[PDB]
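Novice: The residues making up each chain are set out below.
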Amino acid sequence: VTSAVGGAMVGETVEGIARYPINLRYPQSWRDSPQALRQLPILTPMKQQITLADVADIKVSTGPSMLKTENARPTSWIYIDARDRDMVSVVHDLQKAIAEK
Amino acid sequence: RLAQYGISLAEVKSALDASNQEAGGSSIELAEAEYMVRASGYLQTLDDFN
Amino acid sequence: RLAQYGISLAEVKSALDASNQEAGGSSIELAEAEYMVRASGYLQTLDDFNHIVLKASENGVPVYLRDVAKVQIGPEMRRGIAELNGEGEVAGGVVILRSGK
Amino acid sequence: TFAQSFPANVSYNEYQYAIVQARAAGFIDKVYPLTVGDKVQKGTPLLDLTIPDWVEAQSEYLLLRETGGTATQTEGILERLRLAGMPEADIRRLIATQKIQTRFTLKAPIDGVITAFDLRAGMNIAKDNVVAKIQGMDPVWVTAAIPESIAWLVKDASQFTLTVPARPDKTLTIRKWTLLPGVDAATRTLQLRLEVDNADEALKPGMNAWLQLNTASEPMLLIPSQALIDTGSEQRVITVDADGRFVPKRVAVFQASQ
Amino acid sequence: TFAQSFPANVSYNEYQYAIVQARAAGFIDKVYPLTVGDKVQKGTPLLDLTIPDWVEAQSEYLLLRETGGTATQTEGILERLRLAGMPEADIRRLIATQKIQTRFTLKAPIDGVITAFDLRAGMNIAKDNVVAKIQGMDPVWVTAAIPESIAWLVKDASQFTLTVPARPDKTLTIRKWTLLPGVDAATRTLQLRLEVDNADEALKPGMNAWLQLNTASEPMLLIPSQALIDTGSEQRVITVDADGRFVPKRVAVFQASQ
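Protein chains in written order, with the entry's author numbering: chain Y, 747 to 847; chain D, 195 to 244; chain B, 195 to 295; chain X, 105 to 362; chain H, 105 to 362.
Just so you know, not all the hints are guaranteed correct.
[Unchecked claim] Residues from chain Y that face chain H, not an exhaustive set, calculated with beta carbons under 10 Å: (1) 773; (2) 774; (3) 775; (4) 776; (5) 777; (6) 778; (7) 823.
What the hints contain is simulated information worked out from the structure, not anything from laboratory work. Just so it is clear, CB atoms sit at the ideal spot from N, CA and C, and this is done for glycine as well.
Could you build all of it, start to finish, from the sequences and the hints given here?
Specialist: Below you can see the structure in the form of structure tokens.
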């Protein structure tokens with residue numbers, strides 16, 4: 747998952763002052779999609795040729811995108827863009843609409 | 195049972211140490227969306243230990 | 195090629211991890227001078243990658259990284275993208291000032 | 105149309121298989137410049153050997169030829185020779201020269217590669233000794249390994265395509281293919297054997313070979329993959345109306361590939 | 105363009121191969137100062153043995169000579185002798201001495217190295233025992249392991265440069281060699297065998313060697329490797345047309361080098 751499918755860094759070249767990442771990975775073809783992942787080739791320790799689906803279920807799901815915390819409480823920010831009116835009037839109206847509905 | 199199964203205390207310890215972490219497979223693009231490849235692997239049930 | 199050569203992904207990773215460092219043999223006195231024993235070993239050519247040894251028969255016929263992998267120079271995962279005037283991707287730099295100066 | 109790639113081995117043709125053994129005991133007179141690894145053609149001399157077993161019955165024939173024995177009496181002794189193991193051609197040499205045959209030359213029965221050669225000069229030879237194991241490679245075999253779990257991916261109507269990394273300049277023609285009855289327990293893979301033309305002898309046994317397969321499924325509704333949104337609990341597509349309005353619709357996914 | 109150094113080994117000439125076996129059973133009278141690893145020359149005594157198989161027929165001959173049997177009666181018993189396994193040199197000793205031969209000497213058929221010596225003093229001997237396995241090394245053998253991937257290239261190679269670490273002065277250009285029809289499966293390598301004159305015994309079987317190849321292919325369409333956008337199943341390049349617009353094109357790769 748980390749190296750075959752994902753391209754996890756494995757080391758870095760040392761080129762003078764600079765450094766550059768080195769990594770292992772299957773060609774994109776084998777990791778194109780879910781189904782592709784289910785047929786991801788695995789050479790087991792006992793030289794058995796299996797697929798990733800032989801040892802795992804791959805399910806698509808939905809969950810956290812990025813956890814935003816403020817003083818340790820999760821929070822979502824609603825970005826409003828009003829530029830024709832004056833500010834205070836807008837917020838005072840938002841406070842009403844929000845309160846009642 | 196260690197002797198009966200031919201398994202050393204050391205082998206047990208190492209096995210444990212490899213059965214309790216998650217791993218990321220980066221992401222993969224589907225429908226112009228980013229799909230985070232997440233691999234389970236945390237101990238959380240007694241059965242998982244077993 | 196992993197299966198065809200009987201080499202596991204893990205073996206590849208370990209081999210890589212042993213083919214990219216220098217080492218000192220201390221020094222040795224010659225003509226009342228100090229000779230620093232320096233041992234090469236840094237990756238610096240694509241060919242160096244290709245010749246990462248994975249396996250060797252009693253024969254002396256070795257199996258190289260090149261036998262199970264293609265070593266190419268590609269882009270790392272972009273964490274940020276910069277575009278100029280809507281007609282090209284570019285590399286940029288931003289100077290950041292010490293707060294209060 | 106499903107598409108997947110499997111690794112395969114170029115291997116000797118096991119229907120072109122010969123193991124030469126001396127028809128009777130004797131001793132090696134000469135062993136030709138040959139060793140395991142060498143390619144021989146049909147007719148190539150392997151070795152010369154002396155075989156006494158047949159001489160007694162041979163002379164018994166030659167003197168019945170002298171004392172004008174009957175055809176029935178002469179043929180009978182020849183038949184004893186054939187059953188005694190004596191090669192028919194060596195029997196023909198007997199009749200054509202009326203000379204007792206004592207030194208013989210074993211030749212390669214077929215074209216192929218020597219994989220065994222247990223006899224060298226100076227030895228005695230026995231009926232169980234193998235003088236030469238010769239394996240052919242013209243209709244060369246190529247066996248591909250399919251993980252048991254994807255067995256379903258291979259059907260009769262499947263379309264195969266072979267490539268060998270060692271010869272990018274060649275396009276292989278598959279004579280025929282078979283899905284062997286059992287799976288290799290050691291690897292947990294089905295065995296798919298291909299017979300491939302190889303008169304140029306470009307395909308050497310031991311070579312790697314990639315087997316690309318295509319397989320058509322039952323007919324289903326087909327859309328590009330980028331067109332499908334999957335949130336793990338539902339899959340949908342965005343449909344374009346007659347007016348150009350974008351209206352979403354739920355769909356059930358069967359499978360996907362390529 | 106290619107510049108590769110292939111790994112190679114020095115080994116015995118398998119066309120200079122001898123396995124000395126006794127023509128008939130018996131017991132060892134004496135084995136000479138010799139063992140596995142020793143260099144022997146044609147004629148070197150290996151061991152003395154007693155063989156009672158031929159004595160009865162030898163008498164039959166000597167008796168025949170006492171009573172002046174037919175010339176063909178003598179040729180007869182004499183030919184049954186050589187068919188019985190008795191060496192032609194020992195038969196000559198029979199007629200010359202007119203005494204029955206029981207004690208014989210087995211000598212080395214060729215020059216070379218004893219790589220097997222299964223008989224010592226006080227032992228009996230059988231026909232399947234090997235008294236000496238001798239393999240020569242004057243025209244010594246060297247075999248290089250060339251990665252299958254460039255079979256397409258080496259099938260037309262002109263020359264290589266053989267070099268051995270143990271001997272920096274025995275480095276010579278190689279213009280004749282044979283590319284065996286089999287490739288090692290464990291290393292997926294072609295096997296190239298070549299002979300090398302070796303009177304001074306400078307090259308010893310077991311030594312490491314290097315086979316150097318500096319060559320160029322036949323002209324082909326070339327592009328910088330960086331240019332090839334190759335997925336696992338799709339290789340293609342971005343072409344810049346006349347106006348400078350991008351246009352992805354599917355291509356078919358032959359092979360990359362340097």
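Novice: All hints are to be evaluated individually against the structure, with a verdict given for each.
Specialist: Hints, one by one, checked against the model:
The criterion of a C-beta within 10 Å of any C-beta in chain H is met by residue 773(Y), whose closest approach is roughly 3 Å, and the hint holds. A hinted interface residue such as residue 774(Y) counts as satisfied when its beta carbon comes closer than 10 Å to some beta carbon of chain H; here the least separation is about 5 Å, so the hint holds. Taking 10 Å as the C-beta contact cut-off toward chain H, the hint placing residue 775(Y) at the interface holds, the least distance being around 2 Å. Hint status for residue 776(Y) relative to chain H: holds, with the closest Cβ pair at about 5 Å, below 10 Å.
Restraint check, residue 777(Y) versus chain H: the minimum CB separation of about 8 Å is within 10 Å; hint holds. Nearest Cβ of chain H to the Cβ of residue 778(Y): about 8 Å, under the 10 Å cut. The hint holds. Evaluation of the residue 823(Y) hint against chain H yields a violated restraint, the C-beta minimum of about 39 Å exceeding 10 Å.
Checked against the numbered hints given earlier, this structure breaks only hint 7.
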